[PDB]
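Let's start with one chain on its own, the form deposited without the partner chain, as structure tokens.
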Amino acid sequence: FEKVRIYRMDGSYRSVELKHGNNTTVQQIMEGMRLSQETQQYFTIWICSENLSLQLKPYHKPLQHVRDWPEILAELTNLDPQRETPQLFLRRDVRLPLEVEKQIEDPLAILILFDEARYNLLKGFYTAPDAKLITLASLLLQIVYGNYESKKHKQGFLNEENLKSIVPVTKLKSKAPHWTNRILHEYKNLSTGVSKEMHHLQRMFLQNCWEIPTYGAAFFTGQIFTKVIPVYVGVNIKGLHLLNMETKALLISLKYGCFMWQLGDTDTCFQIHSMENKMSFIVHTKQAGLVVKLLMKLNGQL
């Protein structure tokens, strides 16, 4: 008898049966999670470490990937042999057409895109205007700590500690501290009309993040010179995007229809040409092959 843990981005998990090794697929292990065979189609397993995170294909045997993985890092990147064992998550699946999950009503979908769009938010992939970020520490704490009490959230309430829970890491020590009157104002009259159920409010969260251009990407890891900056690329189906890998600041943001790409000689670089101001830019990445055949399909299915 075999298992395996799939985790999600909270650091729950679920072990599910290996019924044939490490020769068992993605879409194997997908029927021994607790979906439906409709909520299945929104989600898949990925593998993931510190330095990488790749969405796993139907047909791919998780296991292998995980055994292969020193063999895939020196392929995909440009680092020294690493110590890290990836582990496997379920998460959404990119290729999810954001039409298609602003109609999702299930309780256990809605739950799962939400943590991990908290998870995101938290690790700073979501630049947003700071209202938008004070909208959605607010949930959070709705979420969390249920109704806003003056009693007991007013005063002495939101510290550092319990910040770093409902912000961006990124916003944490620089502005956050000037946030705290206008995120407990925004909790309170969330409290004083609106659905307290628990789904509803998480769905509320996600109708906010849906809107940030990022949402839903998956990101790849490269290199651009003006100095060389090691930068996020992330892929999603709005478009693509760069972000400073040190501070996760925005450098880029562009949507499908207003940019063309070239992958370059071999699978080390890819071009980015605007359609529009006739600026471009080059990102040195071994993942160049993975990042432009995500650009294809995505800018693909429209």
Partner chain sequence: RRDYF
Second form
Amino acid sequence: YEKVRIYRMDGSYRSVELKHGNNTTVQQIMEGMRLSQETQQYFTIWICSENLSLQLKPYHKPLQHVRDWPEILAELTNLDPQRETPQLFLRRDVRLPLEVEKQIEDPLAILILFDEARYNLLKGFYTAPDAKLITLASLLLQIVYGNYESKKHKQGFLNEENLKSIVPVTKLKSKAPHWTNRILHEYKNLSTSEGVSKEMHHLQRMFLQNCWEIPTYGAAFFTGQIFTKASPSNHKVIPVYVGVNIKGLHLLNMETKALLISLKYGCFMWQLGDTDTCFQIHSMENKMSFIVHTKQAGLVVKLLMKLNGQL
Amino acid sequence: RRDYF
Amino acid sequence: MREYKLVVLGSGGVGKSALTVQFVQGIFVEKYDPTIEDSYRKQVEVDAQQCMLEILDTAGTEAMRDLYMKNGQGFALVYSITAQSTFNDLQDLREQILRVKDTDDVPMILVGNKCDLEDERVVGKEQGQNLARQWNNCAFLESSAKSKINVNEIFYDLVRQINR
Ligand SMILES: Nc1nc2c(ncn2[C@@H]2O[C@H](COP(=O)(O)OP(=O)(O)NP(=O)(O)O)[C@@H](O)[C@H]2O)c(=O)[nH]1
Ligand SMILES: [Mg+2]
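Rather than the form deposited without the partner chain that you just supplied, could I have the structure of the form solved in complex with the partner chain?
Complete assembly follows, chain above in first position.
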């Protein structure tokens, strides 16, 4: 048998036998994973390198997309292939309704979703006010470090290295150092409060509860660029991440991850450009508009249609 | 071939 | 944070996966499900410091054993107290590890799993202690993935061995 590693975002993997070599499909790979129907429903196989992540179709043959990654990169992006090695991942299905996710109780499905949500938080893809980031930090301390204890946790504990595993990298330098006391206090409170279940899946679910209300939760992210309407040129190039999820469309400044706009389905409309290299958003209810340039335009528009359509 | 999501 | 590469070895059916999954995820896998090659990651606290564990959960039979041993820093050698054959298989693994590492001085622990299954016991504790004695006084525990007895200690103890 040939085998392939299917990774998760924590860096773990499960090797799966390919019964039809490179003609094995995603559905067959999923069947060969260790998973009940219960755990499986929420997740599918994605192909991802450092700067390009794509959710596969169940009839796709993933080893062929790995094989063709260079053509795919050049069709969808301007990245240097030499810097992008793809792997296959088990990840949240981008079409998973938030209403369906909210009633999950399976502990394995909960930890897989938790790991993915943690990964996005630490990379900076979740925008939230400091109080919410502090609450998520305190939950990670309970999950990862167990019960609070003054001798260990009060002083010299929340240094750089440690803060790095609990706050977004975008807040580590500037903002994070000052949160240390409120994080600790909240952590203390989680431990000291016996009303709060300390079963692992319960705490992980609590972290997820606090992510579900973040507007980019569950987003597939794409890269693009907008041009400012201020002027000089006509005008300045702003690289952006475009987040698409079951809630709507979200633009992030590529460099700082700052949230530029968030638009809910029903409050905007889109049109694909003639060459498939851009799309336009019209925020009716605000009567503003903007154009994102990206070779992933077609993909972004088809996803907006699907996720708007299911809502 | 090229239809994702 | 120090990374620690740990390897779980032993024959078919002993609970390599069940122990690993209990330690890492806190879940008990109740179902026959043979492994090809799984790798898990877990941050833990050992002897009051933070350790990042990478744990390789291996197939019960072989061709990449030699590479696992080459790469691994610490080894959990697991048999089932319920099955003598699984116990007998361990001698060779031990010797194989010593060959690849070209030394006797290798973090290792002998684990007799399924100790919740007292009435199915075919391997006595004595035979287990005895074998560990013989292996240059190797660390030794009985564990249950199902009841959680001695599950963390298997992995913490390899970390302290590696830290020697
Ligand atoms: N009662 C009991 N059953 C156990 C224990 N550990 C594992 N089992 C059961 O024994 C069977 C084998 O467990 P598993 O962990 O898959 O064994 P393994 O060593 O990984 N097998 P493989 O080498 O094929 O990958 C499973 O049904 C499992 O639930 C235990 O401590 N107690
Ligand atoms: Mg196994």
